[PDB]
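K.L.:
If you want the building blocks of each chain, they are given just below.
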Amino acid sequence: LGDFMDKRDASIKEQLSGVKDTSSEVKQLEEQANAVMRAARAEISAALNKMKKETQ
Amino acid sequence: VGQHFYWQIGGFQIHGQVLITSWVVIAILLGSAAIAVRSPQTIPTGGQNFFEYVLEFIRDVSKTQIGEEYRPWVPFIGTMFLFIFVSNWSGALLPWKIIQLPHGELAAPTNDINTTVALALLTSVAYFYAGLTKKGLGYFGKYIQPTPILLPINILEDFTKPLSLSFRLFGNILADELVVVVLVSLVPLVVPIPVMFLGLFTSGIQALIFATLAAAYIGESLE
Numbered sequence: 112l113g114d115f116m117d118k119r120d121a122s123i124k125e126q127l128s129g130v131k132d133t134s135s136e137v138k139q140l141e142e143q144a145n146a147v148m149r150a151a152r153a154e155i156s157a158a159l160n161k162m163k164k165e166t167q
Numbered sequence: 022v023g024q025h026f027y028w029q030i031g032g033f034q035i036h037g038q039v040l041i042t043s044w045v046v047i048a049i050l051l052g053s054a055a056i057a058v059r060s061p062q063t064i065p066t067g068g069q070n071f072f073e074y075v076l077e078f079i080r081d082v083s084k085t086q087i088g089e090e091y092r093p094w095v096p097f098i099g100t101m102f103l104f105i106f107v108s109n110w111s112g113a114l115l116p117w118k119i120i121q122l123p124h125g126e127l128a129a130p131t132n133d134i135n136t137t138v139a140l141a142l143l144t145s146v147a148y149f150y151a152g153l154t155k156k157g158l159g160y161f162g163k164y165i166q167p168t169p170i171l172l173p174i175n176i177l178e179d180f181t182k183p184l185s186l187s188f189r190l191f192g193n194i195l196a197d198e199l200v201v202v203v204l205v206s207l208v209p210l211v212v213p214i215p216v217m218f219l220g221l222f223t224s225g226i227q228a229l230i231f232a233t234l235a236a237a238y239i240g241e242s243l244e
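As given, the protein sequences belong to chains J and a, one line each in that order. First residue of the first sequence? That's 112 in the authors' numbering, and the numbers climb one at a time after it. First residue of the second sequence? That's 22 in the authors' numbering, and the numbers climb one at a time after it.
Please note: incorrect hints may appear among the correct ones.
Distance condition first, Cα-Cα at most 16 Å in a straight line; then the derived EDC-like pairs of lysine to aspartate or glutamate [said to hold, decoys possible]:
{"id": "1", "chain 1": "a", "residue 1": "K84", "chain 2": "J", "residue 2": "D117"}
{"id": "2", "chain 1": "a", "residue 1": "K118", "chain 2": "a", "residue 2": "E198"}
{"id": "3", "chain 1": "J", "residue 1": "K118", "chain 2": "a", "residue 2": "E73"}
{"id": "4", "chain 1": "a", "residue 1": "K155", "chain 2": "a", "residue 2": "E241"}
Some residues of chain a that are not near chain J, with every Cβ distance over 12 Å (derived) [what the hints assert, rightly or not]:
{"id": "5", "residue": "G31"}
{"id": "6", "residue": "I35"}
{"id": "7", "residue": "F72"}
{"id": "8", "residue": "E73"}
{"id": "9", "residue": "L76"}
{"id": "10", "residue": "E77"}
{"id": "11", "residue": "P123"}
{"id": "12", "residue": "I134"}
{"id": "13", "residue": "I165"}
{"id": "14", "residue": "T168"}
{"id": "15", "residue": "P173"}
{"id": "16", "residue": "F180"}
{"id": "17", "residue": "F218"}
{"id": "18", "residue": "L243"}
Derived from the structure by calculation, the hints contain no laboratory data. A virtual CB, placed ideally from N, CA and C, is assigned to each residue, including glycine.
If we strip away everything but chain a, and leave its shape as in the complex, we get:
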């Protein structure tokens, strides 16, 4: 109901609602790395059966899209994909009701503007860093010109393409946020269960779509 801030001053008024959520989801994601696969194997094991399928799926959705230079960007796909869809699990699923932070309201990392705009800016300047080495070092953002219709363009679109995927996740996290909160604000918990599975639908679907979305930006970035 309030998405603005936690009063965690750092000289320049940073939001802690991003901070603690990012910390906890990041921690669970990095700490599932050795549930049973601290000594991995060719023969798949406990955590291996989780992680390797994701890795192969990432290779599927990336090498087709990214291109010949698949390897320098295999972290880029997996981090954003796993982090975002597990954090959407934590945002639409993990409850924090009976204990409330006196400063702000915390359910999700991507709730606040800063989280998703940071991730989007990250992917887009990663596109530009890709174009740095992989395009003419004179013109990388403003290269193309047809019979002139595109004289200020090919950079005006990529000004807002970061803004594109940021707002893409903005509204979609605010979506499940509102859908979860409003029916509980209406009537006790047992009535919205028909559509809590609907709220879980897009929560589970965001994984592959954001993977192929920013991977499509990266496949554009090969050039």
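Chain J on its own, in the form it takes in the complex:
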């Protein structure tokens, strides 16, 4: 019964740990979210600016 009770408490802790993994990976991916468009688009844009200068 001690095992069963600490299993209850650790099950609460484990669903909390799943919600915490969710909350951390949300921050990571949502940082990636605008950053992927920024990386691709600005890498095209500034390289375009420099190529356009040398071709002027």
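Please build the complex by placing chain a on the supplied structure of chain J, with the hints as guidance.
P.N.:
Below, chain a alone, put in the same frame as chain J:
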């Protein structure tokens, strides 16, 4: 009316009135463990709904009191608490009238001196065993000294603290014993029913008070 003995000789004249009562109450307590919860569950079940509430209550009254080292003493609280209050149920509630033991008189375990002095001595030397590991191995019982007023003391008090909780339960079981027997000795059973609920009051109250009492001794014992 006679609390002394059962004539069960064991070489050294042991009391059987303690023996059979202790046996039956111990047996019912250990045998309620699998009324419906022989395969326990996270989702509470038949016996689970009984046992787990008691376990959580014991954790409540113990970890606050006992201290950081709560776990080595979780049996210590639950055994004494459950055993004593269920045995008080069996002592104030369970009848044995029309069949009487030819040697002695049996209604309760804690009736005789030996039962409760044994339990009290158990708790108090458990305090001392706690102080063995959890205090200076030189001085554990006679450690403290203020500006000297306590030179023979801190052990004279714990000489009688076992005696304290023993007599505490002594008089309280003899209390409900006498209150139950005297009104039936006066007049038939249907008249004392107004105060049989009073006799049941302290019978149900002894659970939490003895739990926190010996748990307070154990919380002293953490040191």
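K.L.:
So, for every hint listed, does it hold in this structure?
P.N.:
Hint check results:
no.: 1; hint: a:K84 <-> J:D117; in the structure: holds, 15 Å
no.: 2; hint: a:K118 <-> a:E198; in the structure: holds, 14 Å
no.: 3; hint: J:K118 <-> a:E73; in the structure: holds, 13 Å
no.: 4; hint: a:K155 <-> a:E241; in the structure: holds, 11 Å
no.: 5; hint: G31; in the structure: holds, 35 Å
no.: 6; hint: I35; in the structure: holds, 34 Å
no.: 7; hint: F72; in the structure: violated, 6 Å
no.: 8; hint: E73; in the structure: violated, 6 Å
no.: 9; hint: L76; in the structure: violated, 6 Å
no.: 10; hint: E77; in the structure: violated, 7 Å
no.: 11; hint: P123; in the structure: holds, 42 Å
no.: 12; hint: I134; in the structure: holds, 34 Å
no.: 13; hint: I165; in the structure: holds, 35 Å
no.: 14; hint: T168; in the structure: holds, 46 Å
no.: 15; hint: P173; in the structure: holds, 42 Å
no.: 16; hint: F180; in the structure: holds, 35 Å
no.: 17; hint: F218; in the structure: holds, 33 Å
no.: 18; hint: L243; in the structure: holds, 20 Å
Hint violations for this structure: numbers 7, 8, 9, 10, all remaining hints satisfied.
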